[PDB]
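Worksheet: the structure to be examined is printed underneath.
Missing here is one protein chain; the remaining ones are kept as they sit in the complex.
We just call them A, B and C in the order they show up, numbering each chain from 1.
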Amino acid sequence: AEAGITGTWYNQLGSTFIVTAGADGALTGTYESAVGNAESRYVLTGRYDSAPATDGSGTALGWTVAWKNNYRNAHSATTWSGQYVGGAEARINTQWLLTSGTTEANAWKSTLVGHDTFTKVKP
Amino acid sequence: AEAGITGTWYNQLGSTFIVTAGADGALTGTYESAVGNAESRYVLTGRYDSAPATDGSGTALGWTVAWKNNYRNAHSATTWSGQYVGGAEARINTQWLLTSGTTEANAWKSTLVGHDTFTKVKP
Amino acid sequence: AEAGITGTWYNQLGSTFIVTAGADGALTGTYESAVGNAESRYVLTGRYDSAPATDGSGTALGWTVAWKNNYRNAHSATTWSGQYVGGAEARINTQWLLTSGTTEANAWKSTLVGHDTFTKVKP
Partner (left out) sequence: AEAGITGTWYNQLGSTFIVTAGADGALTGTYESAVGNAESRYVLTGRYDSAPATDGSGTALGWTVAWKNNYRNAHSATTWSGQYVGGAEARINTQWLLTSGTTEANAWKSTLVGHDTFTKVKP
């Protein structure tokens, strides 16, 4: 975990993020887009639960990216929840929620759900 | 948003969190439990997309809480994704994902999904 | 469960559905819209797991509605997953997934997630 989490990660779509896993569960870094209504780099911040593991379990973690930077303001934010598995083929398996700001009437359709798997090699 | 986000929030279950919405989209604070395998206060970190809004839309945001502090280590983390609506009865409507670290075999059952609504009054 | 499930149900939004819980776990009925890109009545089909319960537990169930009838063809379908709780104030608490048919490129944004609570009184 932590040291093994620090570094560059890539998903299938092409998205990339660089993260630093701090000693006390913090995750800080940048996400750079590859395919959605995101463009460029965005700040990412999250947390991980280190014990984490005498039974080769994953390390739970999560992070958020608000889709606003100096070139785009998408009025939305995504949170990824999942776990880190280390080793030869270490990976972070996640499920995500993307919420867009809507009026009260359209609030029911404000959140999309999906999944992403990140690896240290692309892809 | 931001100023209106800063403060104390409560949900139905009894959970409470205090957050500070920083000038550049940051959200930092503490979450104090009321009903799950959480006990005490945990650090919370997230982001919000301010434009946010000439059509009374919500401000999208998200945050993460790793369930580890000096009294408990639950080996899990939760991410809340949703939007802030201000006014007389301001609220944050969210959907959450809670992932627990599991072995590869039990990974398919590692994530729970739910929702939470927070208000400035309890409840 | 079953007998207690059979009948008319209403949610907050105004949606209504009438269902018959058959002896062998089947759920058949119609859903009539109140607020989304649905209009009129649609066929609903699902299943419930009766044991269901010496510890006042809910009865798990789920159903699907394809948003196509003689007046509208929304190219989408919603599934509701949740449980039935009976009694004075019986209810069905659910979480739903709504998928729209998209091209491969937009598949990542094809599914919305939300929740609905149904009661026997409106609302």
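Rule of thumb we're sticking to: a contact is a pair of C-beta atoms (placed from the backbone, for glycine too) under 8 Å apart; a residue touches a chain by one contact, two chains touch by 3 or more.
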Which of the chains on display does the removed chain touch in the whole complex?
A, B, C
Which one, C:14, C:101 or C:123, makes contact with the chain that was left out?
C:101
Among C:12, C:20, C:40 or C:73, single out the residue that touches the unshown chain.
C:73
Need a quick check: the contact residues on subunit A for the chain that isn't drawn.
95, 113-115
Residue positions on subunit C contacting the omitted chain are 25-26, 43-53, 55-68, 73-83, 85, 93-104, 107, 110-111, 113
Residues of subunit B touching the missing chain are 13, 35-36, 97-98, 108-109, 111-114
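The rule is short, and it goes like this: only the chains that are shown with their structure count from here on.
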What is the distance, in whole Å, between the centres of subunit A and subunit B, each centre taken as the mean of its C-alpha atoms?
16
Nearest whole angstrom, what separates the Cα centre of subunit A from the Cα centre of subunit C?
31
Of all residues in subunit A, which are in touch with two or more distinct other chains?
97-98, 111, 113
